[PDB]
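2 protein chains.
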Amino acid sequence: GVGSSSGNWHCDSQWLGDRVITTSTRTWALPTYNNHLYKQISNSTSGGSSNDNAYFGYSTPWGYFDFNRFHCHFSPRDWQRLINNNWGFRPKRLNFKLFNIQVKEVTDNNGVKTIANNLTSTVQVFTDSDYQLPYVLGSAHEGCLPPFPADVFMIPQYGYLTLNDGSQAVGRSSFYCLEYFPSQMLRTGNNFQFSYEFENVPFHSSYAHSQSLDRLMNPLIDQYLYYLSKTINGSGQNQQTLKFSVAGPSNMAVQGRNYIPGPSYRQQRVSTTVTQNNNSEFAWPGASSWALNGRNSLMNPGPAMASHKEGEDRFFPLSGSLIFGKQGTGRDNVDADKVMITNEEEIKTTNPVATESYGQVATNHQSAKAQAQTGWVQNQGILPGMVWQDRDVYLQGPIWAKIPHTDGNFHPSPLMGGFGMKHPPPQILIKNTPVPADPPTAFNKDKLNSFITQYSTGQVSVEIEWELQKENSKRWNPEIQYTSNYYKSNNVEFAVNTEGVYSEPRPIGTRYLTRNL
Amino acid sequence: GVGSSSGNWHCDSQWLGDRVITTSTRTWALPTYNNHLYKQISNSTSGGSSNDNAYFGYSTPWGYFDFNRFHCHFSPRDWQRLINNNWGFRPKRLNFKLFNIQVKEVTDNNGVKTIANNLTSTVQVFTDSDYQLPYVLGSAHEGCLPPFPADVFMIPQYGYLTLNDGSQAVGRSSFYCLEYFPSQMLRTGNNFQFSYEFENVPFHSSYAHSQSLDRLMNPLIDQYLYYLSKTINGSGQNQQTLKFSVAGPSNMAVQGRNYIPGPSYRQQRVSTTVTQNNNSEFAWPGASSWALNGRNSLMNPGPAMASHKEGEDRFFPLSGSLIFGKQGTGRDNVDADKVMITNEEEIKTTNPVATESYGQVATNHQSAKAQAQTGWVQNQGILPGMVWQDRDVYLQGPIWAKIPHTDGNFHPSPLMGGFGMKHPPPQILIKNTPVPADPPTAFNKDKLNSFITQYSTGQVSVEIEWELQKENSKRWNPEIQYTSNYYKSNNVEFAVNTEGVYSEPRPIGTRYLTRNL
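Keeping their order, the protein sequence lines are chains W and V.
Counting along the first sequence from 1, when you hit position 126 you're at 447 in my numbering, and nothing is skipped either side.
Counting along the second sequence from 1, when you hit position 307 you're at 628 in my numbering, and nothing is skipped either side.
The set of hints was computed from the structure by calculation and includes no laboratory data.
Each residue gets a CB set at the ideal place from its N, CA and C atoms; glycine is no exception.
Be a bit skeptical, because a hint or two may be false.
Stated by the list, open to error - Take a look, some chain W residues computed to stay more than 12 Å from chain V by CB distance: (1) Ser363; (2) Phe417; (3) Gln423; (4) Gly569; (5) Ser592; (6) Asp656; (7) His686; (8) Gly696; (9) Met742.
Unchecked claim - Simulated pairs of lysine-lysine, DSS-like, Cα-Cα distance not exceeding 30 Å: (10) V:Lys743 - V:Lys418; (11) V:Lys768 - V:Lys360; (12) V:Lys551 - V:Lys659; (13) W:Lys360 - V:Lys768; (14) W:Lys795 - W:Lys413; (15) W:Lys418 - V:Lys766; (16) W:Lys418 - V:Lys795; (17) V:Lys413 - V:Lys743; (18) V:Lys659 - V:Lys809; (19) W:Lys723 - V:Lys768; (20) W:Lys360 - W:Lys434; (21) W:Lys659 - V:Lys768; (22) W:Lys360 - W:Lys768; (23) V:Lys551 - W:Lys434; (24) V:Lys647 - V:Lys659; (25) W:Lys647 - V:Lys360; (26) V:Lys766 - W:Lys723; (27) V:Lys791 - V:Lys743; (28) W:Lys647 - V:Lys768; (29) W:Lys360 - V:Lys766; (30) W:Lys795 - W:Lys630; (31) V:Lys418 - W:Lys418; (32) V:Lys551 - W:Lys659; (33) V:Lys690 - V:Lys564; (34) V:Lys659 - W:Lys809; (35) V:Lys360 - V:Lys809; (36) W:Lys743 - V:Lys809; (37) V:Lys564 - W:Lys434; (38) W:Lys659 - V:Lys360; (39) W:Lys791 - W:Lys743; (40) W:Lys647 - W:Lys630.
Using the sequences and the hints given, assemble the complete structure.
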């Protein structure tokens, strides 16, 4: 009915043993996109570009619901609870509701704007439960539910890309009509809901290692293996020899080991002290990249690698880490104090440093003549016996990604962080049903071009159940914990200021507790 | 439904033996507060102040329902019945209803204001039943239900304070988002209700003592105890002696007693005959106060003490009594004839006078040389064997307060009067759901800033069941009763005037019947 509410405001968190259930409700507004039309888009329509930036695709009159960020579900305090008390977590169940739909019509006279209710208009909503549409979630896009529950947000417009040759299309390109799906139609008084079960995924590692991969031995006992220690008796000619020694606590670098650090793809090193950087432009020319069909793409963020060495936190890889913007930061050429650079220093115990060579390999045969020659390894692929950690997740970062439907993949954990699934939470698509203005009184076969100006508003609720993996550490000394600082300040961190603006002052990871290797 | 009422007007009182049930219904209006925003506030945002007045906190877009005053429930005649016939009363049950919701939208053109119904808008309401929010009830604030049932009232805005250092915040400060609670959403056609059981509390003493604590003896019989009556035989040197006498009806001041008057904290004395006061400014400098973290707060009203001696009703303690304003009284520097000063003269039989010393103590050892020296006690804490009465309640005064959640407290009766509870009636919070105006037709990630101007109106009902404690006195002569005066006047007391304004001409306490000690 018109006078009865279709749902209530549900927003809290329940901590139930080894489960936590988060619930979020937000207020959304949806405009009419594209004047109800499907439009072909390309870099031709955007004004042209280089070959690396060419594309072809379509924008649709539909919008979509995205909640693929952790702050859509966790408050900062709840995130603190989770990361300070658990070794792991993963999503299990999802429930989604859309309710209290209101459709408004806008009339603009010469000098006045009037907004009225349209009680008989509809919104169309459907889920892509069979994964038949291009999946644009999982590209770290704007338009998710806002972190602050009081913020009213605008629903982003749906569009997609297909195969391109420059700004042109090939015969293999696909065009999708979203009206060619069955969808539910809602007047003011109807609601929509659905449930979803997550795939079985591994727990995320919300811990750091308290041991290093090269320091796993007993520091008191020798090995029963020998290593070559000398090849010449001394100075002079014809001094060749072979001497062997026991590998022990005095020489840990030469001990035999069972496991080796994971793969690498070297990045350029950039200092936040700008005077230490080379006085030249190297953002694009000095960057690591990969090529596909003649197009170059930045290797960003790339394989999970440690950001810097010990004591070198002023250095960061060129495109090897996630960079978030601070509240109120612009979009073009902002200074370093306006952005937030994450660092994966916790994985330095298993993962190679991002701005270093993996190691050295022999490159010749020494003989009595050529000396022994070695070469640097700048990119090392997977080898048997390698171990590594994945990239951390953040309160501001993405949760899941869709694994591409391919013949083969390896370790399909998404490179920007999170859970990779073949059947992720489905896309939820929404659109205001077009309402024509007065048609002519003589028949015309052309499609109608005049429409009543409308938009819609409502409430959306998402509830996720997460499974937790508790710590049972035997460590004696206290752990490192995420904490607020007592020292006085003008504002409270993770709160509003005097003007009403909510901000997140820093990125928060998940790795504070410790575990052995 | 839109065309059906959600509740009826219920407003009366039922006297049922040892119970009385009061019911009140009022009409309320709720605006949009803060433009739907949370704002940080401080004395910095208020313009600065002294150290004693610094604060830090937040204002919210929510309003709240308060009925923590006796005239919200009792008519003057019902109050007369209660206080003239009972030794005690206390609250037992509460029922709360919110109904007949109407949401209106306001459109302001160049020179005209139009108000229309918005049939599809919602109000959000919830109770803080777990006491998780700062409890701002119990600070004697404006914004309660009006005494006169025909008055339409405006719902006050919710705000709270947290820890401050000057105008700055510390890391211990808490920020609360009220959208982070589950709440019920109501369209025009929905209603809300809940029930609450009061904690077990002692009966309020609606009586005065007909005996004095120093006059509890039989005036005809001697004691079997002696007191020292003489220490010198007479005039001259070396006349020391020890003489003892029986304490009896001729010397009542020296009799042994089992119980002593309650505690004290001396106040400065102010005369309503201004020419008797000192010709200087002493409102702040001469006031009693307590210190907390370097901040001074007025001791107001402080411990329950008798206002004045016999025959000195022109004197009142500086900040030791509740002062109410008369109808139409301003807020800054009004004259004494514009305010109503209560007096706790009924408790002079057990409680010390507010503007006097508690007594005298010895301060040395007399010997044969030093004479006997005594000193005044200006503040006396609790001693075993002390008895006292609490502050009276008034028809205009507060009913209950929340006892702070602390390790320890003593006699947690609220100092401004009433019933102290660990789980008082919960706070009831209400807000108009924001309705965005027309959003742009291109996606923007910023939160929406343009909203439709709305407000809401409705009916609220509160029903309280109170338990009574009847008198079974054996007193022969008639009691003192609260009564109206027959003498003619321009208006009727506790009624409206020719312009429609209701007024309460005087404060009415509860202590008219008498009881023995």
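Compare the structure with the hints numbered earlier in the document and write down the numbers of the violated ones, lowest to highest.
Of the numbered hints, 3, 12, 16, 23, 32, 34, 35, 36 and 37 do not hold.
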